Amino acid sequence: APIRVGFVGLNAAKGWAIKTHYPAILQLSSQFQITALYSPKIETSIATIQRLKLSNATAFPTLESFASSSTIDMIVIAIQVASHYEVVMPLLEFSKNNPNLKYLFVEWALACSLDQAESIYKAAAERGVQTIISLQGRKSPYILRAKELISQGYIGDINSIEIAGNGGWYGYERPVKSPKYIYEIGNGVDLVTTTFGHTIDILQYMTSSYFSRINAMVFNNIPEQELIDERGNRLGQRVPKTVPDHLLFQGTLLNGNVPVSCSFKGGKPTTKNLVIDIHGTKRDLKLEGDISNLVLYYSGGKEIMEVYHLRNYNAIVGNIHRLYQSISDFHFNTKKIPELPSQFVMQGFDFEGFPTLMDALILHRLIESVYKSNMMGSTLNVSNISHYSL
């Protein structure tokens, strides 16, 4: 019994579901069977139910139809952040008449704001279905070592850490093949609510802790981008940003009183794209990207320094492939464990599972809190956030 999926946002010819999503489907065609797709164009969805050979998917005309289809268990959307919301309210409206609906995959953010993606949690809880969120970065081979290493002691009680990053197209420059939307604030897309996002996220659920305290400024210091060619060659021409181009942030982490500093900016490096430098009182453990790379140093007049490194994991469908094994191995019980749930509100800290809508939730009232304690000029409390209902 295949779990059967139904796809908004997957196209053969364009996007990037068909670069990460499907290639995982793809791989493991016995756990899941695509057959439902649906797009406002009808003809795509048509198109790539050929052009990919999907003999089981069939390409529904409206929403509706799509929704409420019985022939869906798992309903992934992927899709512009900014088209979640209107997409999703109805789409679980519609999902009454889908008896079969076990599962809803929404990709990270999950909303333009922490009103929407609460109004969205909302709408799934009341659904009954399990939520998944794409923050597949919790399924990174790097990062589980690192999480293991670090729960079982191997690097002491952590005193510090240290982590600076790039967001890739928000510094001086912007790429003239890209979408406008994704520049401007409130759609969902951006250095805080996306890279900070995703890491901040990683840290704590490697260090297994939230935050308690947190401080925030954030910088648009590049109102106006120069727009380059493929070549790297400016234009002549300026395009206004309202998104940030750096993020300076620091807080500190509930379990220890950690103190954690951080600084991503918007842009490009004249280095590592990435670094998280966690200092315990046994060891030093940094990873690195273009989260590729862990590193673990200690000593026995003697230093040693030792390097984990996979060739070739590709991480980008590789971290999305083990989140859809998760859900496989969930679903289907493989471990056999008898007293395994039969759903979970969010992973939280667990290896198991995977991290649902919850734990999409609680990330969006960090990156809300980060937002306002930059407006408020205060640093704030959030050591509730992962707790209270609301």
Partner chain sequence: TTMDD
The other form holds:
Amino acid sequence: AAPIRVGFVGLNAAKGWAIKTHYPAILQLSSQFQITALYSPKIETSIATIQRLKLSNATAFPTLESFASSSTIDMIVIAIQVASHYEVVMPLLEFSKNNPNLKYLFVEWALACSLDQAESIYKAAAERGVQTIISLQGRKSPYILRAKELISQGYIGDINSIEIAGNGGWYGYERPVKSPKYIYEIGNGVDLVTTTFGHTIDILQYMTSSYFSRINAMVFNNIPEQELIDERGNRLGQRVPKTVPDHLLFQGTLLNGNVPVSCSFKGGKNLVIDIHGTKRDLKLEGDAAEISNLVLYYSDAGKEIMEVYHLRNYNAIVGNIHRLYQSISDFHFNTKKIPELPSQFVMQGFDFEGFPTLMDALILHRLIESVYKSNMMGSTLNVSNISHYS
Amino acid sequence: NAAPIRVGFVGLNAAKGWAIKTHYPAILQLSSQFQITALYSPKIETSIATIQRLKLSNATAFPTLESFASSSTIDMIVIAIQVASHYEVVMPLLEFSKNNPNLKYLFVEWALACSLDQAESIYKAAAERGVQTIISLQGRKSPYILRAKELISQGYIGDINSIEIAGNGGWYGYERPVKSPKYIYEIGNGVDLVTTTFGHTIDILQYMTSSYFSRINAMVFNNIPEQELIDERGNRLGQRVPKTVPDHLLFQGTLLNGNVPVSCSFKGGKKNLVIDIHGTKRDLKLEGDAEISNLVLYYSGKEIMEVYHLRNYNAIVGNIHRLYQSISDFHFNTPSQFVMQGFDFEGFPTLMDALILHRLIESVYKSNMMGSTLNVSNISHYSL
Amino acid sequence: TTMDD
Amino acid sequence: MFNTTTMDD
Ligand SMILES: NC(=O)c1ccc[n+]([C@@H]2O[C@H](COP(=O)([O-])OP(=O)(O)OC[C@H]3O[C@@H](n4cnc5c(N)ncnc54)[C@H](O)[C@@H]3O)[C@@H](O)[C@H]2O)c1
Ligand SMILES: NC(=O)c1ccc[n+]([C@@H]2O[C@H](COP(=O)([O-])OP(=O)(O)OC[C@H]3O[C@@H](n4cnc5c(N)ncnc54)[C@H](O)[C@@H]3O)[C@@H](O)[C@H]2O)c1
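Starting from the form solved without its partner chain shown above, please give the structure in the form solved in complex with its partner chain.
Every component of the complex follows; first up is the chain already shown.
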């Protein structure tokens, strides 16, 4: 019937992730989403934001307490630094018992700075009985879904093997004197493994509809000191410490078919995912949330066939969050009208419809932990039970 | 001393085999420097047949290993037989060879033996015999391997930030030629994805980068236990055969020099090879369609790609040719012998080089079994 | 860029 | 050549 009332923690018109992605989506989908509540530590900014965006329905709350309690909210969105997720969401969840209308809790990836915090958060979310949503928007990319479709329909045949090559961000030999210090210190929830590799390995499991059984990882900090740089792209003859990793080696096996997976992630061509099937090979590529290109190959007298799938002018960064929101709306308003559906689901798993949940994020955090665990202990781990309960 | 190296062959056969396609054509070209004086087969009729088909005007067909290995008409023995028979033939041969004061070189094909144990015994015995040894790791003589090795060593690409390797190898995929030896598909017979395709490749890698590994981790697969037989047309004969050798190898590790990350994937199928070396100043890529064909250099408001490709270079016979060349040069112009080539440009790979490689290959299997990352930084100094 | 968070 | 060449040893 009526639009979904959205309360935002982390929406800021001046800066941040939510203004570039979440807002533009909620803007397009005004018929279905409405922002009714903002919370910042500084109330002046919440208010400033409401005026710059002319949020004719937004109320700027002064406290987490007040915000989380308000019954003018159907969905809360958390879009703040990962290091503050746990400290803000655990309280918020307690307070939120004073809102009978709360239905959805939407949290950005990563969920927390550690598997422990992530478990606590998931536990608490369940106790609260709301539907949850994590921001693994890769699951909504047009490329990922076509690939998944092709694969699940037998178009490449059985998966023989997979290779992944990846590039990570500012974890090369250089750092913008701009970018913060919290990005480059371990345990703050943002890094090569948790982020770049997290998003990628997830879409891999999702496209192939399989989890891992065994994995082995080596994690590197071969670049402990980074070279600062300006906006011109020139070095400022200044060095800064970096405790987060600059390289990740990862190999493992998928449960379904015991498929070999070789992966390399570097800190500095953004992304290549090579899936070799018995009938066709499938390749996904990137440059500069993309993923921007999908390619399929087939093999006196032989024929070769190349299928390219490319959306000419597509903005993945806003594109994927959009489709995530759209997918939440289609679930709420039941656009494909299936009267026979309950109001809530634990996880998406490998289903096409719906969206990733905190349970999906938890499983991922479990896989991330196991990676680090593998590296330190220097051993190959059996991870095939991760993804059992909660 | 102005005299040609007199060569005794075990495994030279004019009808079939590796040595006829590679070793012989080389020895043919280099007649001024190499001469075949002795053949041994289990069947003397074939040794003789070979001598006549090739008009080996100086060849004597010996009836027994004993007689062959003892003959003093031989300066270099070459072993080019199935890997599974190396140990059983070389250990005796080495004993007998004490009756030849002229023996100077022992040349053995890769792989050395079916196991690290056999390989150790063989190396031990080779040392006790005091001859110069040579293993057939001929990639160490590829023009491409050498160019890449130079560029790298002259700092032309900067520091190595990371390495990726992708290989396809042999008939270890879904299909297998109907006329094809059963033994090369049963594990422990010295021929397989790891020992062979990966052996040769990882070796040239260590050689190009002048570094051994410190830590490694491997997963080895047999996801294809039954293979589909095929004819010469390339069509399936609706028949299946067991295969206990691997169809996939995952390998990751670190090089000692610089602690460089190395990601490797090897598949059983049938783009042969890509070796991607990422340096601080440039990228270097080696490709093939498992004998390297092509070397690419990438550097940098403008981008540059440079391709080094020799034309009419046959790598199969050419790299083996070049190995005999360096053995010839050695016997004639130039320590009297060495332990190993290590990362040197000149000289040739020896049994010690092969041993170190067998040690790494053993570790690969050990890592897969133990299920843990291993420290291999000592295998270039002493036992595993 | 804001995407590096 | 879809046969077992001598190089496959
Ligand atoms: N690919 C992706 O899905 C993607 C990309 C980038 C960032 N992210 C995630 O989105 C989240 C937000 O990133 P960001 O750079 O916008 O973070 P941010 O902390 O800078 O933005 C949150 C905003 O909320 C306010 N705020 C800051 N700390 C707060 C606190 N503890 N309590 C209440 N309000 C607070 C501030 O005004 C800030 O502008 C992070 O978890 C990040 O990992 C995801
Ligand atoms: N370096 C490379 O890239 C490369 C490539 C292919 C093969 N090889 C190696 O070359 C060697 C020879 O391979 P091959 O397939 O030609 O061997 P092969 O056994 O099939 O042929 C060698 C010949 O030696 C004779 N012979 C066989 N068994 C013998 C024994 N027990 N005692 C004495 N003589 C015997 C036979 O006449 C046979 O024709 C093997 O070690 C193989 O691994 C190396």
